[PDB]
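There is one chain below, alone, in structure tokens, taken in the form solved without ligand GNH.
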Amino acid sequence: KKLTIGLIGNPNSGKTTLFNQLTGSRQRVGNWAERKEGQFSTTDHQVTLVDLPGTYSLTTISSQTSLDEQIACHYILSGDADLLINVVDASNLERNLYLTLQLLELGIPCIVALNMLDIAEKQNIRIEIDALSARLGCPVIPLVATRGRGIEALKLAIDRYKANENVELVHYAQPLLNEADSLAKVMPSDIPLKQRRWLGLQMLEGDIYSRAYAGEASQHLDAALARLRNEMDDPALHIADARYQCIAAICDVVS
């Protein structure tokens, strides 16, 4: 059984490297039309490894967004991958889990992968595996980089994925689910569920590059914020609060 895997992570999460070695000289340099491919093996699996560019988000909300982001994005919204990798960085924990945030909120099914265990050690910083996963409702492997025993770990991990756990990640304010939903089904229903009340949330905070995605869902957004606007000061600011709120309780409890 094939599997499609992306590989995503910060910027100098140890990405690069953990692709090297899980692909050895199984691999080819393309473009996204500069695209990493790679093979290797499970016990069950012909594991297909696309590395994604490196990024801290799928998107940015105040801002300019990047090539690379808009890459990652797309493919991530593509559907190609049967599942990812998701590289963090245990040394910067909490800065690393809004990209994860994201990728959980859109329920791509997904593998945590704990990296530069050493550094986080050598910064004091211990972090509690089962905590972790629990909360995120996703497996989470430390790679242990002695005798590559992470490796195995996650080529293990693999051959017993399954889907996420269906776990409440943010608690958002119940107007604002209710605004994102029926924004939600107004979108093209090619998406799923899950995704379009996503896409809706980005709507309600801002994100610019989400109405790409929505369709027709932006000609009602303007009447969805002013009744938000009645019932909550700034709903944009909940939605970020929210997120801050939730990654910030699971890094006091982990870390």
The other form holds:
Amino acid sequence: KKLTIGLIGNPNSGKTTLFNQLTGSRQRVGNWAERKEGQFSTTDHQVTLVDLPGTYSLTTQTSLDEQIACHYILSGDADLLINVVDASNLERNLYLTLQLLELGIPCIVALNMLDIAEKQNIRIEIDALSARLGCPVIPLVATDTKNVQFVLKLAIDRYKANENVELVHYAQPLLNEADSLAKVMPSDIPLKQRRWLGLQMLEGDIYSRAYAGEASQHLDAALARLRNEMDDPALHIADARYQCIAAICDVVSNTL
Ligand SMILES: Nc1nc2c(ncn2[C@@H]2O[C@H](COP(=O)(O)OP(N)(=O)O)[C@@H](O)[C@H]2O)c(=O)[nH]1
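What would the structure be for the form solved in complex with ligand GNH, rather than the form solved without ligand GNH?
Expanding to the full complex; the earlier chain stays at the top.
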């Protein structure tokens, strides 16, 4: 029955509400090595709900909360990740959701605060979002107990690996140098995550270097060949990311 789930999401997106709604008062606040942990029953599982520190990005010195959240997702202790998303500010919240899907980690998106999005004249299309993200999207109003118990626990029991859908289309030189960096990293890290990490290093992420072994030292040489192939490598990563995120927001969002 054991199943470890990690709630992940932006700050002020109804994360603690959803955590509390599922856990109730079956919680244990301790400390990493604040670590918040909870328990709740499903049909097929008894879940260990690991609350993670709220963050906008798995990349960036910043606070200690940001790092532990990032490291936990890479650690791979969790079977499933439930990503609490604010529906009223989708674009802003999707950047973390993209990173989780780029890491290839099985996850369910808890699309929350839909009533606020509805009040702001925004009707998000659930099936369209699920199709383009490649993971179950559960519409929610976390504050309503009637709504939270509707399907979420049902979705948790039938979870699978994400659909291998196309997300960000980076230029080939970026994928080349990210792959070269990925070959230097320890092989126990999945190849799909090693390439993503390599790309974060090129953009100038401070965290990703930790999982790279000695690949972090080969950065400037890769950046040199990138800087002669394009004006700036870090920007081109950020450009391609935007069109992906923005293209999802367009086809998924509508007038109520
Ligand atoms: N209207 C609405 N409000 C919500 C919903 N979920 C959470 N909230 C409200 O948003 C605020 C922040 O919620 P919280 O869970 O603390 O977010 P956090 N800090 O990311 O854990 C709270 O005042 C809460 O009542 C929702 O689905 N709909």
